[PDB]
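Single chain ahead, written as structure tokens, the form solved without the named molecule.
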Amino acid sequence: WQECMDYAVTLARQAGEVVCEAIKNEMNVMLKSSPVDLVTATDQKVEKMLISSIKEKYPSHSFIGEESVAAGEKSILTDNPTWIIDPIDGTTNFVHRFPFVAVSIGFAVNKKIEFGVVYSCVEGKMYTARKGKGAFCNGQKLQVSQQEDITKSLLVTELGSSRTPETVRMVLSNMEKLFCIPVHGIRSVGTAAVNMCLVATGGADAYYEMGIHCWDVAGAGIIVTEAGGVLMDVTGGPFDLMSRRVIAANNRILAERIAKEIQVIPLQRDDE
């Protein structure tokens, strides 16, 4: 597993080298689900490299990958060591040069996350986390905040790529509910992987979002939990990777409270 993980960190840095080299140049910006669901040649290029490169040394292992699934692969997850890959997390950021794009990699066996590597290449920040062996940014150990007063909280969330009116409605409302507790504020840097690493550093108290996929939070989640945080469903349930819903917080107290206040948005899971 340190073999598998030590390889990932090295792969992450390469992918990263590619993405932040790409970010300087002419972009080939295509569509996916909609006029707002974006992708570039770089997304695909990187995902392919990451997969061939892993598959080569571990042909036993399976892969869930954002764009692979999007060319008709399937996000059914098993007990085979799966590699869960978002090649560029923050594709709209990437397309805009808004300076937070992350390469996210997450290793699962028996349907549990062993280790995650999130590399934020513009920042020059590599976050890692092995189960039981802590979480780090660039060699430096991380710890979540100590806050339990919801009303002294800083939250991060995203508005989501969806523009379906009944969903945007629900989204902004949930935000308003939380904002009017009041909390100290809400941030959105543009990428789930990073919004969550920021929670790991204790820069922010809690991240939550409905609409995310398993590849967005496979990597960043074990970093948060290993930074001493917690993950949950927006129901107050334990976190489900395929639920498409996540609360990632410094503690159970804060997580429990955000859970109470927001409404559960209808989205179909990654396992359906």
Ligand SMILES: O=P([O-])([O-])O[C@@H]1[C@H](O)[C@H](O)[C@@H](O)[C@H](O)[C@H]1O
Second form
Number of protein chains: 2
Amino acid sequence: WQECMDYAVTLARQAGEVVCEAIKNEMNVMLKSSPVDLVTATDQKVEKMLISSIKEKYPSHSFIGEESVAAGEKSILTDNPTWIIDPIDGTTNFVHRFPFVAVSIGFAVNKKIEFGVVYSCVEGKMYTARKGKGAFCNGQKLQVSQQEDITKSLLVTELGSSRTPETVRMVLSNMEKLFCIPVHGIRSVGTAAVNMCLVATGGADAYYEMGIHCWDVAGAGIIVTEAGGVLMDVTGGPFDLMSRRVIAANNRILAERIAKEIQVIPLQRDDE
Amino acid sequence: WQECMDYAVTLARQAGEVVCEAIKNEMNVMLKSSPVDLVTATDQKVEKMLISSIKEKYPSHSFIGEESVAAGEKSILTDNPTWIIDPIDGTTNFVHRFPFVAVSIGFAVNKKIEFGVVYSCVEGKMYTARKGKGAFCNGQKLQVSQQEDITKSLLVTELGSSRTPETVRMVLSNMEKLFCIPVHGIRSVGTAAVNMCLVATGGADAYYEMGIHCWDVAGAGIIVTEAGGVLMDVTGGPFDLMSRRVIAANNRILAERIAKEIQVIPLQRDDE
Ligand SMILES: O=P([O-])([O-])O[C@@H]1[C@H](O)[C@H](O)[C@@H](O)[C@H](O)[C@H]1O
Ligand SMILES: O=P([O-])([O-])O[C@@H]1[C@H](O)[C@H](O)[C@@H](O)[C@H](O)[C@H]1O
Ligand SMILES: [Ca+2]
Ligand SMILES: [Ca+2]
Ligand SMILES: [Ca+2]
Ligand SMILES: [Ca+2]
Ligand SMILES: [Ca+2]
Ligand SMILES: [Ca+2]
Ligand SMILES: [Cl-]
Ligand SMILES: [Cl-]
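Go ahead and give the structure of the form solved in complex with the named molecule, now that the form solved without the named molecule is out.
Now the complete complex, all chains and molecules, led by this one.
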């Protein structure tokens, strides 16, 4: 797998420069399922680049990509080596030139993530992790924080892609409960992968969100765990790559305290 | 005033050095008005260093410093050349190693801001702006976005320092109104100065918040305006550096719209 991983990094840095060059220019913004669900030509171009370059070196491997799924593909995970890709995580940020956009790649064999590569191109941070090998950012080994007291934690989360009054009110309600525990604060950088990568570095204590997809957490999840953290479903149950929900914390203590506070929003699984 | 400005940029970098060095070490985290209102020995020393270095060259100038005010000094602005200082804007981030901390310095004469210096030490970004000279970040001229459609804007704001149910509910409700207009999204990096600087670059279209202090925005405000932006009061009226309220936008079109949507949160002015 090291051959594939080293290849993924080269590919990530490559797709990374395409994105980071495109960000400097005027874009043609297009909508997908709503006026806030955006996509551009770069999202599509980069994804086709990645898939081709991968199936060119590894023709037997399967692929699960955000735009490919929107192109007609089904997001079904088998035991076969599968590349779970998100060409640009932070499309809205990308469109606005907000300094946080990443290229995310996850690789799963036997339905388990072997390695994850997350490239934050604007800042030039390459986050990588291989099962049992550790998590790193530009050669620097990562380690999650040791905070076990919720009232002294810094959390990260996003408001979501939905504008439905009920869904929104529930998200804000969950945000309120945690906020008033209280915790030191809540941050929102604009991308699931980076938010999680910040938890891995220890700059944030935990991340939680409902509404995400497999391509959002496939690369960063392994990075949090290899940094010493834990992944979990919002329900307190085990993490599920297709569940649309996740809690990426420094330790099990915060994860369960957070789970205890938030109310689940009904979501449709990616494998349905 | 240019001499003062040149001296300011130097002092800010020197302070930035100190802050960014301490951020990697063990620190004594103390409390101010509550368990979530923090301060560290670095906040205290950096301010003392700044005020002393300034008082040496310009002994006839006045100062307004967060920690000085906390120590008993009153935040009263006069027509005399006053240095409005925020040693560390983003103390909670500092304590958590969250990659966004800034040293802010605002210089006012006749109660108007002449220049501002904001140094984001972790990123090594020096934001500066003299009235009528333009705003720059590391020697590159800044310019706000041109979005006049609120439904395509990206806003930045913070949840605040209060955990009072009543207040937290107004903050989240104001957030709910803007989010469901809808807007493309809402971000929170954890520091008012940087949030405003991101608006000056165009990465975000507008920033708003009620609860900040004069030292939080004295430096970044001139950067937004010099970048082509506008500072406004939540009432839609002119900006009042001592009111605890602010709307820093790319243009008046968006600013007026935000002021229309949000509800005022009762607060004690800095001059009361
Ligand atoms: O659309 P995308 O920009 O690839 O990814 C989005 C980002 O990860 C965002 O932070 C998260 O809150 C959304 O749920 C995702 O869909
Ligand atoms: O305490 P400080 O970190 O210097 O300043 C705070 C930060 O700027 C924060 O982002 C803002 O939301 C608060 O209102 C400020 O008081
Ligand atoms: Ca998307
Ligand atoms: Ca994407
Ligand atoms: Ca994504
Ligand atoms: Ca403070
Ligand atoms: Ca401060
Ligand atoms: Ca501050
Ligand atoms: Cl905070
Ligand atoms: Cl958002």
